[PDB]
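First, one chain by itself: the form deposited without the named molecule, in structure tokens.
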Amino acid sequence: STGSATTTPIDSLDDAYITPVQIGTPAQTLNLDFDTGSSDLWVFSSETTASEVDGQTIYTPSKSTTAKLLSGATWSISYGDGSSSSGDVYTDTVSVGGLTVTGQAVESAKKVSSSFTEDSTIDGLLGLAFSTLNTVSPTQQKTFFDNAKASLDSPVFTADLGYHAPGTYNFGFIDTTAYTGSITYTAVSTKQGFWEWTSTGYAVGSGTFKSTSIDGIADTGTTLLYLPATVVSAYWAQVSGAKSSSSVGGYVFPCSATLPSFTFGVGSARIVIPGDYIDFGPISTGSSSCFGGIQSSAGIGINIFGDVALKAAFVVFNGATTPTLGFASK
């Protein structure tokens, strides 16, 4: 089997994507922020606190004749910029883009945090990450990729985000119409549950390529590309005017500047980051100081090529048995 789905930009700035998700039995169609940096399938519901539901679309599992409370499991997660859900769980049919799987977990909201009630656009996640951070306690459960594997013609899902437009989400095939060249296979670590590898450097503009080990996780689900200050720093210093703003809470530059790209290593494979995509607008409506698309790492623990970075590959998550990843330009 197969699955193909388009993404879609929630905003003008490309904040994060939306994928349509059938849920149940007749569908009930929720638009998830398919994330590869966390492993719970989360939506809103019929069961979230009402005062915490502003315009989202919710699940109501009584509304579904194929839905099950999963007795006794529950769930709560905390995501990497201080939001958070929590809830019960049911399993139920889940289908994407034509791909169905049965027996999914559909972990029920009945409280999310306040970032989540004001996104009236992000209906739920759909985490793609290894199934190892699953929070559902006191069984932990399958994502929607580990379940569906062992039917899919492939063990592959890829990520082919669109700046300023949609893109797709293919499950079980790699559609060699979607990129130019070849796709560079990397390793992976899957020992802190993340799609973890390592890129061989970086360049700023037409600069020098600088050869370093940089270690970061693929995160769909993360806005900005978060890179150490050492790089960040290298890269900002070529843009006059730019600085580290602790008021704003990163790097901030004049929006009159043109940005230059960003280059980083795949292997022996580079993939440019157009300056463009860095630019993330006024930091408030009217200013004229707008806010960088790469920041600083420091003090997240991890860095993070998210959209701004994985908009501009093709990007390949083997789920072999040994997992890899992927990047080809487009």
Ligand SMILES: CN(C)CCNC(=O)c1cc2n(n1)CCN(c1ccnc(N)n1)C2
Second form
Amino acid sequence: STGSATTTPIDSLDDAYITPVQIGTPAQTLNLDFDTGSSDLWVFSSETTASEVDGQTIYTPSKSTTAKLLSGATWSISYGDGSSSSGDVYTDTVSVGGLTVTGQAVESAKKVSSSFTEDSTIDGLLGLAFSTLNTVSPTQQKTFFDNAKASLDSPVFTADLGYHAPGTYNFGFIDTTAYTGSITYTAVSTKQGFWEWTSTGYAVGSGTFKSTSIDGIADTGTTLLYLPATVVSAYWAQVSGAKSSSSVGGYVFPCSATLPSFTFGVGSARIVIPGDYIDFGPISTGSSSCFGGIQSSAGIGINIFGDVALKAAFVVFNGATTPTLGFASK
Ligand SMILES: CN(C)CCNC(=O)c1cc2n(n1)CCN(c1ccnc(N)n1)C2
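Now show the form solved in complex with the named molecule, given that the preceding structure was the form deposited without the named molecule.
In what comes next, the whole complex appears, and the chain from above leads the way.
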């Protein structure tokens, strides 16, 4: 089997991407944030504290004839950005782009933090990291991909995120028309539960490529590109007037600037992030200071190849017995 679904930016800045997902019988379609950095499929629901719902579409398990409460199971998750959610667990039928899994754990939120409440466009998350990170207790549950994998034509999914435009998540096949050149594959460590890999270096604009190992994670659920302070300083030094602002929480730059590209290495291959992809717009409405899309990972403890990087590539998440990642230009 295969599946194919369009993923759409939630706003004009590509702050996140949503993909429609069918849950239950009859189907309830929710728009979920597909997140290769986490491993829980959780949704706003009829159980979510009413004051914490503000425009989201909710899953109502009592209206699904295939929903079953998973006895005694609870979940609770905190994301690196300070947000959190928790609740109980059903199993139900879940379909993405025509690919169906029966018995998928659907984590129903009883509580969500304010950043989720304030995101009316995101109805929940669909985790695509390794199932060792799943938070369901006392019995850990499998991700949608892990449940689907045996049925897929090939044990893979691909992320093709758009810049200011829709893109695609495919399951079970590699669309050879969706990229240029070849796909370069690179080793993955699953020891922290992430799609963790080592970039071979970087360049800023037309500058020399710096060969240096950068360990990080391929994370569709993180918007920005978080890299070591040395690398980030080298990038922003090429933007007149850019500075790191402690009050704003990162590098900012004059909105009148034209940003240089940023290149990262995948083996001997190179992925070029156009400068425009690094502009996240005014820090506050009407400001002429703009927020940068490349930020330091120093506070984080891990480098993160988020949407800013991944949207410049066609990315293969190969879930074979020994997982690997593939990157192509597009
Ligand atoms: C019981 N087992 C051993 C652990 C259960 N899971 C975790 O400890 C865990 C930590 C994170 N996540 N799960 C998922 C969201 N996170 C992140 C971090 C970075 N990027 C993203 N997208 N999510 C951080």
